[PDB]
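> Chain by chain, the residues run as shown.
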Amino acid sequence: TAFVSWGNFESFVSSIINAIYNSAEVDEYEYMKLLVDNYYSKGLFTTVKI
Amino acid sequence: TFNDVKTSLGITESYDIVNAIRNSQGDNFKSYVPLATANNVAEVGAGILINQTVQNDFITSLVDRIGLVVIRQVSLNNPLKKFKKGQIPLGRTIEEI
Amino acid sequence: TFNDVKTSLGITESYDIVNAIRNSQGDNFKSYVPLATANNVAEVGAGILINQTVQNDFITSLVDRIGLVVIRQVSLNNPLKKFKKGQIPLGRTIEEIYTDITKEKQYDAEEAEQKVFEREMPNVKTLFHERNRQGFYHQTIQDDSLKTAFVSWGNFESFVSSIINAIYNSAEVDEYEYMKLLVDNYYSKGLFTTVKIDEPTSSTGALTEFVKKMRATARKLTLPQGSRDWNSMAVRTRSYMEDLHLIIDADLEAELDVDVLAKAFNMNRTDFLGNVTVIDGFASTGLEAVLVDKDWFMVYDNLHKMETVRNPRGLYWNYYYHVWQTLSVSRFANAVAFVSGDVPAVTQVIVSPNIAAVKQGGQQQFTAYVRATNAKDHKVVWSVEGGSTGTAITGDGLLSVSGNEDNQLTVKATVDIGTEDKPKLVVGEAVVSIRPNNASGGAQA
Amino acid sequence: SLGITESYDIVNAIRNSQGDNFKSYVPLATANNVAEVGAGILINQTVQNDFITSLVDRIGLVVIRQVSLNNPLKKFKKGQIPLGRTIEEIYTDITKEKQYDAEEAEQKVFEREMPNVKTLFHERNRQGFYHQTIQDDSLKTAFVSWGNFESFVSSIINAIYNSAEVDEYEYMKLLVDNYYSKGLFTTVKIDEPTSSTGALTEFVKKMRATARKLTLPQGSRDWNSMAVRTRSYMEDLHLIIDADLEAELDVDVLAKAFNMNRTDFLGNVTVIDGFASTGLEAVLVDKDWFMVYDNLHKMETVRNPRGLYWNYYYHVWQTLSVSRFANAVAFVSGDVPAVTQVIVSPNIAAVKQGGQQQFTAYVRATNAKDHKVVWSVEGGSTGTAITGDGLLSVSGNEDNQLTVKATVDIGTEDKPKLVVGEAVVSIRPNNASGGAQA
Amino acid sequence: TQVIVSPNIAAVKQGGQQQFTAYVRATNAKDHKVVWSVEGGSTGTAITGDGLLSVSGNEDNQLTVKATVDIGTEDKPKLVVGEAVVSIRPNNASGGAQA
Amino acid sequence: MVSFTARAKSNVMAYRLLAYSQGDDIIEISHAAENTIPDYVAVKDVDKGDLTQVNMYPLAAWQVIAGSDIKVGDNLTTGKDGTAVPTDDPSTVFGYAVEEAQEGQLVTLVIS
Amino acid sequence: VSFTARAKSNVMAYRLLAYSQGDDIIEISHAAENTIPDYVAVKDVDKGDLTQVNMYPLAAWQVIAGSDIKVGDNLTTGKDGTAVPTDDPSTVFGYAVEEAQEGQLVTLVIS
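Residue numbers (the deposited numbering), protein chains in the order written: chain A, 151 to 200; chain B, 4 to 100; chain C, 4 to 448; chain D, 11 to 448; chain E, 350 to 448; chain F, 2 to 113; chain G, 3 to 113.
Please note that a few of the clues may not be correct.
[Stated by the list, open to error] Within a straight-line C-alpha distance of at most 25 Å, the following computed DSS-like cross-link-like pairs (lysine-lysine) qualify:
| hint | chain 1 | residue 1 | chain 2 | residue 2 |
| --- | --- | --- | --- | --- |
| 1 | B | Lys84 | C | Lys106 |
| 2 | D | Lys87 | D | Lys379 |
| 3 | D | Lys87 | D | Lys118 |
| 4 | D | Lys362 | D | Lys192 |
| 5 | G | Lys49 | D | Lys427 |
| 6 | C | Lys199 | C | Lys9 |
| 7 | C | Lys425 | C | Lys199 |
| 8 | C | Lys223 | B | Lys84 |
| 9 | D | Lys118 | D | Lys108 |
| 10 | D | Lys216 | D | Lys379 |
| 11 | B | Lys33 | A | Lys183 |
| 12 | C | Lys108 | B | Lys87 |
| 13 | D | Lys379 | D | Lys118 |
| 14 | E | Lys379 | F | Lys49 |
| 15 | C | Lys84 | B | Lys33 |
| 16 | D | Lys183 | D | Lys88 |
| 17 | D | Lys88 | D | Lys118 |
| 18 | D | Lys88 | D | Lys106 |
| 19 | A | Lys183 | C | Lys379 |
| 20 | C | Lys379 | B | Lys33 |
| 21 | A | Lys183 | B | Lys9 |
| 22 | D | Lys297 | D | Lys87 |
| 23 | C | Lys183 | B | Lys87 |
| 24 | E | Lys362 | B | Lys9 |
| 25 | D | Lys88 | D | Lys216 |
| 26 | D | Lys87 | D | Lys128 |
| 27 | A | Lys183 | C | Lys108 |
| 28 | G | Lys10 | F | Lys72 |
Hints were generated in silico from the structure; no laboratory data involved.
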C-alpha cells in the first residue's frame, strides 16, 4: 500500500535484508571493541602511562 | 493519520533566514535579495519529516503526488574483520598451548 | 535625443587629478607633468556614457564616425551544477527512504518453542522533498528597431545572440544563489552538525587547529562501520572519501594556501581531504567550510522551457524562459558546518522515529540524540505535551499511553542550557498518533 | 466528515444493538472502518502505512469519470451549412380536382392554375462559444503516469462538449416555449391532470385521439400553423413531456402501462425536465418540426508563454428555429383563450390593380365553437376594401402596400379581445384604364 | 437533509474573492433561506449575504464557509449546516483603508 | 488609484467604516463614530500602532459589516464599532443598501 | 458595478431618477421636483420592468432640460424628471456647462 511500483517494492524488501547484515557487521565490530574494553577492565593489558 | 504538524517540527530557528533576507540592510544576504522565490526555498528546502497533502495550485482539488522514491542503500562493514581467524563448526573449545 | 551633458556624469571624483593636483605640487606627480595632452587623457580617458555628434576638426560640416564596435561577451556557469541530480516530469514530492539497523537477541531454544511467529518491525526513517521554485526570465528583443543601431550584419547577429545569452546566464546566476541558499537554510534551521572552531583568519595556530578538525571529521565520516551522528536524522551511515565535498570560500583557501601549504614539505598531510570547491558566500556569521556528502543535495529539475510569442503589430518577440526546480537537502546524507565564533551548547536534540503510531495501552521508547557541540553535559528532560490523564513518559523514553487516549501526542525531549534565570531550551519533538485498542476495554475488573 | 449532517451514528447504532435491525453487522468485523471512509474523504488527509509507520500509503489509482451529457433533442438536428445564413423552406400544397368535360375543354386548353406554394425563412441566430483554460505544466504534479495525465486533459474538452450539449438543449426548450409564447401551437384544452384519476384518462384520450389525427395518412390542415394539408408519421411523432406527468400517466391509466415500450401510442416519448411556461403540460410534435442546423464547429486554441497555459475556445454557431409546416400540438391546462390564432390565406400576394385575391382565414379555436371572421383592409390610400367572405379587390390606382386582416374578437362587447390574423398584399401596377362602372 | 456548498476546496488570496453556492436538498416543496457564515479567526474576513467570500488582506488562518438553513421553528432550532474549507494564498501586496 | 500613507490609532478591523484625524504629521484612522458619515472603509486589519495606506478612488459601493439586519434599499449610517446600520435621519446617511444582510454579514452599499 | 432595479412607473430616457424600496428590489421612478436625483435614465423602462443601474461614478451627466438653461446655471429637478435652473442651495445637484432651450439635452457637472 506504500508503493505504486513493483520496481520500488522489491528494492525496499531487498533493503530490509541488507539491514540485517549491516546489523551483523555493526555488532560484530562492537563485540570486538568489547573484547578490548573487557581486557582493559580486567587489567590484563600491560599499561604504558602517557 | 496525523492531524496537525508544522514544518518546524523539532527545529531550532537560529536566525530565521526569511527575516535575514527581506529585512537585510547591507549584510551578506544581499545576494539572496534578487532571488524571486527564496521564501519557497527557505520554507521547505531542508526536507520535510511528516508528509502533508499539497493541493494543486491550478485546480485546487487535485493532490500533487510523489514523483520519485529514492530508496537509500548503505553498506556498513566491520573494520576489524581482518583480525578474524577462521570458522569452526565442530567442537566448542579452543586450546592454546 | 540628448542635449548637453558633462563628461563626468556618474563620477564622484575623490580628487581632481587634472588641475587641482598635477598642476599643483612638485611631488610624485612629476612623471605626468611633461605630458602635453594629459588634460584630455584625464578627461575622457575613463570612457564617456553619452555620445555627442562631435564635428570634424577641419571640415566642420562633416561628422566623426564610430570606427569600431566592441561587443563583449560573458559566459556564466554554475560551480555547483555537478551536484545536480536529474529531472522530474510528473509528480511533485520525493520519498527518500532510509532503512536502519536493528538489535540482536539471544539464542534460547526453550523460549523459541513459543515465539516462532513473533514479529519485529524494521527501523525505517523517511524524509520528503517537494518542488520549491517556479520562476521565469522574461526577455524581449525588438529586432527591426535594432537594425538602426548597427552597420554590419555580423555585429547585428552577435548582439541579438548576446541578449539570448543574457538569459541562460541569469538562469545560472540565480540557480547558484539558490544552491547557496539551501546551505544557509540548513544552518538557520539548525540542522548541520556544528564543529566549533576558532576564526582561522586570526591566528595561524587557529588555522592549523582547524585543519586538524577538518581531517578528523573527514576520517570520521568515512569509517567503514559508519556512525550514528553527523547527520540530522541520526542514522548509521557511511560516507565515501571521494564523495565528501568541502565547500570553502576564497579567503579560507588563501589562508591554507599561503600559510599551511607554503610551509609544508609533505603537502598531502595537511590537505583538506575533500573535493574542495570555492564560493564567496555563506552569508550568515562564522559559517564556513561546509563538508558534505554529494548525496546531500537533492536538486532536481522540472521544466526548462523557452516559450516565445511575436507581437506582429509592434515588431518584437518575447522570450519567457521558464525554470522550475526542486531545490532541497537530504538529511540522510551527513553534513558538517565548521562554525567559528560562539555557538550554543546544544544545537539540536534529535529524537526517535517521529511517527510512532501507538495503540492505546501500548508502549514506545523514544531515543534522544543530543547534538552537543563541546564535550559533555545535558541530561534530557522528557515530556508528554498533548493528551493526558494516563499519558506519562518516564525518565527514559517509554510512552505508556492510556486506555482513554485519543488525541495525538507531542513527545518532547528538552535540554536546558545556559542560565538558570533565563533557561534557553533545545527542544526536540516527536509526534505519535493513538489508534484505539478495542480489546480489554470498556470497564475492567 | 466535513459537511456531513448525520441523522444518527451508525457506529453507536450497531454497538448498542441488543437484537434489532443492526444484528447483521454484529457478525461483521471492521464495520467501523467502513463507517468512516465509506462515503469518501473530501480533502485526502495523508495516511501513514500500518506496519512501518514512517511510510506513506500512496494514491494507487486515478479514476477519471468520463460521463457524457447527451442531448435528447439531438436527433432532431438536420445537418450543417458551411456557407450561408438563411434557409428557404418551401412547400407545395393540394390543388382542386376538376371534372372531366370534353365540351368545356375546347377553350381552356391553356388555363393557368397557379400552384399553392408557401415559404419559411430561417436564419443563424445562435453565436456562442465556450472557454476552458488548461495549465498543462502545473497539472503534471498531480499525475504520475502519462496516461492519467492525458485522460484528464481530455476530460475537460469533453466537459466543453457536455456544456455545448447543455446549452443547445436549453435553446430547444426555448424554441418550444417561444413558439407557444406566440400562440403558434394548436392548443388542446385539458383538465388539470393531477387533480383526478379521471382527468388522467381524459389526458391520454385527448392525446391518443390527437396522435391518430396527426398521423392520418389522409392529411389534414388543422395542426400545422400555416394551415397546409400535411401529414405526420407515427415513427416521427415525439411526445415532449415532463417527468412528472409521465410517471402519473404510465401508472394510473394502465393503457400506457400496457404500451410503455411501443413506438405507436403516441410514442417516441421524450421526457424533459419541464416547460418554463405555465399550462404547457405536453407537446406533441413531428421530428421535422425542428430545423436545428450547424453553421460552425471550431476549436481554436491559444498558448500563453508567460503563464504556461493552453486556452481553449470552442465555437458553436447554429440555426435554431422551428418549422411551421410540420404538425404540432400543445396540450394546455388553465385559463385558455377561445381562439389562439387566425391563420390566414396565401400570406403574401402581388395583386394587380383592379385584381382580386380570395383569402381564407383558418381559425384555430379551442372551444370547438363557430366563430365569425371580420375581414378588413388596412394600409393603402385609395379605398381598397374586402368582402365578408374574404375577397380582396384592389381599386385600380392603388399604389401602397396593403395589409389584409382577419379578426375574430373572442372578447366581450364591453372589453374586446381581438385575435387578429394578418396578411400583407403588394400591388402590381396595371396600365388598364377603368375609372367607373355601371 | 443536506446543504452542499459549491466548492469544498477553495484557495483565495489575501484580498481575493470567491463565490460559494448553496445547494439545499429540501425534501418538502418549500423555499429555504441559506444563512452564510465564515468562521476561522484571524482578521475580519466576512462574506456577503448571497455567498461571495471576501478574504481580508491579513488572513492567515484556515477559513471555513458555513451555510445554514433553519428548519424547525423559533425556540426549537434545527440548523442544517454545509461546509467549505478555504486556504489562503499570501498575496501580501495591498493597503489598509480604501475609499 | 491614488494611494497615501495613514496610521491606525485604534485597532482597525476589516470591513469597518473609518474616520480620520490629523495626527503627528500623519493622517490617523480609526473606526467611525456612531451615527455619522464615514470617510474610508477598512479592507485589512491594522492594529493601534500599525502604519498602513489608503487607496483613493470614487468607489460606487462599499462592502461593510452590517451592524444589524438590513433590507434592500435601506439608508445606512454608522453604528457601533464602525458597522453600518439602517436609519432614517438624512444627515447621517452616507449610502444605501442594494442587498440584504443579516447582522454580522457583509452588505454592499452605494454611496450618496 | 451595477445592480438590479425594478422600476416603478414609466421611466423615460434622460430623465432624473430617484430610488425607493418596496417588496425587495430597489424601485426607480422619476425624481420629485425641487430636489437631488439619484440616477439618469439611459433608456425607457416600463413600470414593473427589471433593469440595471450602471454605477460607474460619473462626474457629469447628460440630462434633458425642462427649461432654458444657461452656462454655469445651478440645476435641480424639474417636473417629470427634467432638469431646471435653481437659486435655492440643497436642491442643487449640479450645474450646466452647456446652454439648452427646452427638451434638449444638457451636459451638467454634478456638484
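> Hints first: check each against the structure and report whether it holds.
Hints and how they fare:
A distance of roughly 20 Å separates the Cα atoms of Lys84/B and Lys106/C; the hinted pair therefore holds under the 25 Å criterion. Pair hint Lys87/D plus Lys379/D does not hold up; C-alpha atoms about 38 Å apart against a cutoff of 25 Å. A threshold of 25 Å between alpha carbons decides the hint, and for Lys87/D with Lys118/D the separation of about 46 Å lies outside it, so the pair is violated. About 32 Å separates the Cα atoms of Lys362/D and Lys192/D, which puts this hinted pair outside 25 Å; it is violated.
Pair hint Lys49/G plus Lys427/D holds up; C-alpha atoms about 23 Å apart against a cutoff of 25 Å. Proximity of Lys199/C to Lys9/C is assessed by CA-CA distance (about 55 Å); at most 25 Å being required, the pair is judged violated. For a cut-off of 25 Å, the pair hint linking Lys425/C to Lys199/C stands: about 24 Å separates their Cα positions. As the CA atoms of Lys223/C and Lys84/B are separated by approximately 19 Å, the hinted pair is consistent with the 25 Å bound.
Between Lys118/D and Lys108/D, the direct Cα distance comes to roughly 12 Å. Compliance with the 25 Å bound is thereby established for this hinted pair. Under the criterion of a C-alpha separation no larger than 25 Å, the hint pairing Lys216/D with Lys379/D is consistent with the structure, at around 18 Å. A C-alpha spacing of about 51 Å is found between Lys33/B and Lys183/A, which places the hinted pair above 25 Å, so the restraint is violated. Simply put, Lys108/C and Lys87/B have alpha-carbon atoms about 22 Å apart, close enough for the 25 Å limit, and the pair holds.
Between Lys379/D and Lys118/D the alpha-carbon distance is near 41 Å, which puts this suggested pair outside the 25 Å criterion. At most 25 Å may separate the alpha-carbon atoms for a hinted pair to count; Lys379/E and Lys49/F exceed this at roughly 48 Å. Between the alpha carbons of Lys84/C and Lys33/B the distance comes to roughly 22 Å, so the proposed pair stays at or under 25 Å and holds. Proximity of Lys183/D to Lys88/D is assessed by CA-CA distance (about 17 Å); at most 25 Å being required, the pair is judged to hold.
Restraint check for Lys88/D and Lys118/D: not satisfied, since their Cα atoms lie roughly 44 Å apart, outside the 25 Å limit. Between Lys88/D and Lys106/D the CA atoms are separated by roughly 33 Å; this puts the pair beyond 25 Å, and the hint is violated. Annotation: proposed proximity of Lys183/A to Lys379/C holds, straight-line Cα distance about 22 Å (limit 25 Å). With a CA separation close to 38 Å, the supplied pair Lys379/C and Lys33/B exceeds the 25 Å bound.
Restraint check for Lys183/A and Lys9/B: the C-alpha separation of about 42 Å exceeds 25 Å, so the hint is violated. This hinted pair checks out: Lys297/D and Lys87/D have alpha carbons roughly 9 Å apart, not beyond 25 Å. Note on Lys183/C and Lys87/B: the hinted pairing is violated, with a Cα-Cα distance of about 46 Å set against a maximum of 25 Å. Under the criterion of a C-alpha separation no larger than 25 Å, the hint pairing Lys362/E with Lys9/B is consistent with the structure, at around 21 Å.
In summary, the hint linking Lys88/D to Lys216/D is not supported, as the alpha carbons are separated by about 30 Å, beyond the 25 Å threshold. Only pairs whose Cα atoms come within 25 Å are accepted, and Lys87/D paired with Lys128/D is accepted, the gap being roughly 22 Å. Restraint check: the Cα-Cα separation between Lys183/A and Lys108/C comes to about 19 Å, which is no more than 25 Å; the hinted pair holds. A threshold of 25 Å between alpha carbons decides the hint, and for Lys10/G with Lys72/F the separation of about 18 Å falls inside it, so the pair holds.
Of the numbered hints stated above, those contradicted by the structure are hints 2, 3, 4, 6, 11, 13, 14, 17, 18, 20, 21, 23 and 25, listed in ascending order.
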